[PDB]
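Before any questions on how it binds or moves, here is one chain, the form deposited without NOR-N-omega-hydroxy-L-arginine (NNH), in C-alpha cells.
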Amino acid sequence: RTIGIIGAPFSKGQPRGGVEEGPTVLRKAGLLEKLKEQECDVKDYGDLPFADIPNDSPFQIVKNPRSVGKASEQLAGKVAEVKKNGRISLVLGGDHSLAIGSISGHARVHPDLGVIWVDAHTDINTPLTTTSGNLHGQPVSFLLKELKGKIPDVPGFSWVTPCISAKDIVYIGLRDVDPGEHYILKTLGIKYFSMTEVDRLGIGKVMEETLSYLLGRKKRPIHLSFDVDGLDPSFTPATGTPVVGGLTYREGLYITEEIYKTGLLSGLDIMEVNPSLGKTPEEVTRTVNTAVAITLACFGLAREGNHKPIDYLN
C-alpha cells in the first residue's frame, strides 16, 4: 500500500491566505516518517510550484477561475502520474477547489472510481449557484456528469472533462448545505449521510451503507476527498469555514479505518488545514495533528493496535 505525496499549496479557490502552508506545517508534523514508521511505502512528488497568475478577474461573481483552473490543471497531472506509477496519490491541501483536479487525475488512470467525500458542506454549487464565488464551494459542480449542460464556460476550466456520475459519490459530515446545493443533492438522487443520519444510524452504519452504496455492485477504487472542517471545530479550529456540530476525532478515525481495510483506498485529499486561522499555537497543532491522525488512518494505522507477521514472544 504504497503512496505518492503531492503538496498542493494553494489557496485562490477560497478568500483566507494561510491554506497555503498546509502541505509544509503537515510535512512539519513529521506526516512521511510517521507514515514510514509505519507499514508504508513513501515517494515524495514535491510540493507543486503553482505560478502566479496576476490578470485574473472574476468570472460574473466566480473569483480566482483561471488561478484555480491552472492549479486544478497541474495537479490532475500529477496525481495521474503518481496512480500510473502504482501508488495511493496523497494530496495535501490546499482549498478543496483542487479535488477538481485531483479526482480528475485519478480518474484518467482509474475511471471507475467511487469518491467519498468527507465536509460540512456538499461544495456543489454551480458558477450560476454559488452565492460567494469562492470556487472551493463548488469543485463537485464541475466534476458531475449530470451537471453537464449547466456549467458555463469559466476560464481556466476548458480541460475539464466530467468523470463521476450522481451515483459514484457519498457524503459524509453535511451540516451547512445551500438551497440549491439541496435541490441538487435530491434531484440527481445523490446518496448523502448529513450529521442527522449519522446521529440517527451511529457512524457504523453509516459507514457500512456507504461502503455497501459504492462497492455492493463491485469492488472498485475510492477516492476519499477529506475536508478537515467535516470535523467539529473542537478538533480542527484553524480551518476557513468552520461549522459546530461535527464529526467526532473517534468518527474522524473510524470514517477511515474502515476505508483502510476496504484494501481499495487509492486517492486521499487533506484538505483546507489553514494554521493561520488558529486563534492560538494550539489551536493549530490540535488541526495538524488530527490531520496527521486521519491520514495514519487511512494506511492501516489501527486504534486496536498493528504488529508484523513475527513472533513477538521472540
The other form holds:
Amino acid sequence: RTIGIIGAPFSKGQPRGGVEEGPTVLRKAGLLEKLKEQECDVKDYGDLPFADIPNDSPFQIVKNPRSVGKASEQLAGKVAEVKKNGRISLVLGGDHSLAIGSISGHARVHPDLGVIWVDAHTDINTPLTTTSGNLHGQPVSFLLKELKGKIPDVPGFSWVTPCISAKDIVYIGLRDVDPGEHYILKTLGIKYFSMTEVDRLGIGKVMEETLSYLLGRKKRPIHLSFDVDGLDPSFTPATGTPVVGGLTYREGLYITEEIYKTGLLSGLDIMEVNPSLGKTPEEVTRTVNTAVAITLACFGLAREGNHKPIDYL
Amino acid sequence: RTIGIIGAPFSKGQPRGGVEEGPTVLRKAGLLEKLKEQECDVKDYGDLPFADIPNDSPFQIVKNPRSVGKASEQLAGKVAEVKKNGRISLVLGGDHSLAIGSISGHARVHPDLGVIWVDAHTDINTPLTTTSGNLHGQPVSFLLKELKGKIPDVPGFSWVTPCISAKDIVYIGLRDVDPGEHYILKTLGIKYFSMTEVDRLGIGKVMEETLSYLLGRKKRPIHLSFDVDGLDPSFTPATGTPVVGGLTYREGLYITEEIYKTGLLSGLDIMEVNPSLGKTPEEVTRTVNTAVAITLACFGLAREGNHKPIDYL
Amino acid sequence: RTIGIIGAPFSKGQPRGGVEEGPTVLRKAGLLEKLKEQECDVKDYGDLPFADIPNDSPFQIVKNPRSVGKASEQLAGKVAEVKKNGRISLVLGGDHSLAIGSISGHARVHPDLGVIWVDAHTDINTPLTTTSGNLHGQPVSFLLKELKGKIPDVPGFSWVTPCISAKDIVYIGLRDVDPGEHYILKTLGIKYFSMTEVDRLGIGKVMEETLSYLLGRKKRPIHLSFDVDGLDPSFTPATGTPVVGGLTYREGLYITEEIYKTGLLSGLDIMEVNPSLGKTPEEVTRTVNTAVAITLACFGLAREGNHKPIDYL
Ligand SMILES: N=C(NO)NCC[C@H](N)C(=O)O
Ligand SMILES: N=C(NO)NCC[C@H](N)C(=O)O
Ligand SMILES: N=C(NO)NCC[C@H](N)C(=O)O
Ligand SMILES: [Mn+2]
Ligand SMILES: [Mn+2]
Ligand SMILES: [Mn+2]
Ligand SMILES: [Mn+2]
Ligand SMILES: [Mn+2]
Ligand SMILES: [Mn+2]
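Form deposited with NOR-N-omega-hydroxy-L-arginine (NNH) bound structure, per the form deposited without NOR-N-omega-hydroxy-L-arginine (NNH) context:
Up next: the whole complex, starting with the chain shown before.
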C-alpha cells in the first residue's frame, strides 16, 4: 500500500552504540528506491531527531530510562501521524525498545491492531524482572494491559498506556527467553512459536496458525515488529545479541510474503541492525541486504515473481 | 538404467565464458567412474565439437543467436541418437540455452515426455520479452507450443519445433523471475513450486505433487533439466547468476532420489557449472562435488544406502 | 533427572587419536556447571582409566580388538553402577565403539530399554562385513540378538552378550551406509529415518514416529547414543568422518528436546568429538559448543524458555 518511512536512530535501549546507524545503512542500501521500483507510494518522514538527555541515571537496574522513554514518546507521535495520513508506517531502527512508541502510536489510530513479533527474544521483561537493565528487552511489558500494575513508574514513561492484550500478539522465532519472561508467557497464555514449534510444524503451518489466531474472529490491522536477530546470525550477524539456530533467510521471506498477502499490514518495524558489529564489511552488507529483502517482501516482492496488469506478450 | 554421457562445452547463451569447462571439471571429478561404481552401464559419447561462428551479430537484443541455435541443433541430434540407443541421456553443460536442443532431441524419440525444471529461474523469456538478451534465459519459450507465434524468426533456430505443452512441465526452486516470465506463468497456467511453495509445503509434498501432476493420467518419460543455481550458492557458488535463499543440498538430493525411484528418468541436464567463477579453489570443488552428488542420486545412489542382490551375511 | 557423568577418553575404535580428548574439552566448556545451572543433580564419576594394551594385533581386518573390547567392558561396568545409583548415565566419548559397553551396562539394569541412534552411519558392520576394520563402525552388530551367530569370536569381546533386538532401535540421520549394513537393515527390518526420510516427513513427524515406534506398546527406558557427525559438519566439523547434508543445529535440538519431554531418557552418549580435527580453533569451539547444547537439551533446556515453580511477578 502507501508507505511512510520513519528513521529512528536510537541506541540507548541497549549497550552497543552502532545500532543508531541502522536507518543510515538501510537507506544507503537503496531501500526507498527499491520500494518505489515496486508498486509502492513512498514518503520519507526523515529521521527523528532524538535530543540528547545528559542527565539520565538508572532507575534501579534499568538504564537510560528517560532517553528511551522520550525516544518512544517522540516516535509514537510520528507513527500516529503517518497512520493518520493513511500510510503503512515503516520504522527503521534503532534498538527494539522503540517498539513501545511504534506500537503505541499505531494503536492510537488503530486500537484493534494485532502484533506479530519476529525475534529470538520475547522482550517482555518488566523493570523488575530484567537482569540486564537494557530496555530493548522490556518493550512488550510496557504495552500489555494485563501487566499494567507490574510496571513501576519509571522516569520517561509516564505517557505510556497499555494498548494491547496478551491475546493480540503472536511470537515467532523464540530461542533465548529469560525465566521470568517464560513465566509471563505461560501465565498470560500468550501465543508463541519458538524455534521448537517452527521445527515441529514447519513455517507454513506456523504462519497459517499465526494469521488464523490473529484474524480468525475478524480482520484487523497488523503490526509486524521484526527484530533482525530473529533470523539466524548466518544471515544477520551485525546485531547486538545474536543467537544460533535461528530462522532461515527463506523462512524470514516466507513470514513476510504471507503477511503481505493478508493485505492487512499496517505497521512495520525493522530493528536491531548494528553495522558496527559486523566482523567484516561483508557481514555488514549481508545483514543490511537481508534486512532490505525482508522489508521488500512486506510490500509485495514475491519469490515466484511479480508483473504489472498489462499484456507482456 | 543405461546411460549415455554427452559433453556440451558451450557458453554463448550467456556472458561469462568459463561455463564451457563444465564437462571437463565434472569428468575430472570422476563422474563416469562413480557412475560405473554403481549398477550403471555408461557410454561416453564424448564432448560435442561446437564449431566457432565468427559472424554472429545480435538479433535485436538477443546475443550470439546463430552460435546458440546451432549448438542446440547439434545437441538435439546427439541426444536423439543416444535415446535411440536405449540410453538415458546425460548432458553435461554448458549454459542452459542448451536445454533447447536437449529437450528437442529427447522429444523426437519420446514425444510424450514430461519436464521437471530445477532452477532459480524460469528461463521462459521470449526474444521479445528478454531484457538481458542472454539466450540461457529463454530456452523454455522456444519449446512451448502455446508460445509458437510469440517467438520471432531468430537466426539459428529455424530448425526448432515446439515439442511440449504448458502442462508438460513443472518448475521447482524459483526465486528470480522476470515480470514477463511471471505473466507467461500465470497466463499459460504453468505448474510451479517457487521457493515460497517449498517453504510452505516442504520438499516432500512438493515432489509428491510434482510427480502426481506429471504422471497422474499415465506414466511417461521424464526429462530433468537441472540448473545448479537452483540450489543455494552456499552449495554451488561457481555459477553465473547465483541467487540466495536456494534449495538445500538435502532438498537437491531429495528431488533426484525421488525422480530416480519413479524409474522413468529418461533425459538429464546438469547445467550452469562455471569453475572460473569460484571465488576460491574450494568454491569450485564444492560446486563440482555437489553437481556430481546430484547426478549420482539421479541414477540410484540413495542416502539410506544401497546393496547388491546378494546375501552379505 | 539425576545425572551420572562418565568420561570415556578412548580412541582405538578408529584411526584418528584426538577423540580421546572429548571428555576434556566438553568438561572445560563448563558442561557440569551448565547442567547444575539447571534443575540437575550431577555426580561426576570421573574419566575411566583405560589401561594401555601394547599387544593388540588385528583380528583378521579388525584393528585394536582387545583395546576396544576391554574399554567397553570397563565402561559397561561403570554405566551399570551409575544406573544402579538411580542416575541417568551420561557418557562423554571417545569414539563410538564405546556404545557396546554403554548400552550393555545400561541393559544389565534395564533390559527393556529402547535405543535411539543419531548418526550419519549405522555402525552395524560385523567383524566380517567391515572393510575399514574400525570397530567404531561395528558396535551395533555386537549388541543385536538377531546377529549373534554372525559375529566371530573376536579377542576382547568374550564378555559381550547381545542385549537388544532389531525392533528395539531406531536410527535417525543416516547418509553414509555400507552395502552390507544396508543389507542387514532390510533383512532384520530395522526402523530408520535416513536424511531422505527427514527431508520427506520433517523432523517433527520423524520424532513423533520414532517415539511412537519405541514407546507404543508400553513405556520403557530410552538410551540415546548421539554421534556428533549425525549433525551437518557446518555445526560439528571436528569429528573423524564428517558427511555433508546432515541434521541441522535446530533438528539436533528438536530431537533431544522431544526425548527429554518423554521423561524416559535413561542413558546418553555424546560421541566422536575430536578437537584435533578442527581446521581452526573456532571449528573446535563450534563443535564442542554444539555438543554441549545437545546435551543440555537432553536434560531440560528448552528453546521456548524455562522457569522455576515460583511467581516471578
Ligand atoms: N536483543 C534483545 N532482544 O531483542 N535482547 C534481550 C535480552 C534479554 N532477554 C534482556 O532482557 O536483556
Ligand atoms: N542463469 C539464468 N537462468 O538459469 N539466468 C536467467 C536470467 C534472466 N531471467 C534472463 O532472462 O537473462
Ligand atoms: N564415524 C563412523 N560411524 O559413526 N564411521 C563408520 C564408517 C564405516 N561405515 C565403517 O564401518 O568404517
Ligand atoms: Mn532479539
Ligand atoms: Mn527484540
Ligand atoms: Mn538459473
Ligand atoms: Mn537456468
Ligand atoms: Mn557417525
Ligand atoms: Mn557412529
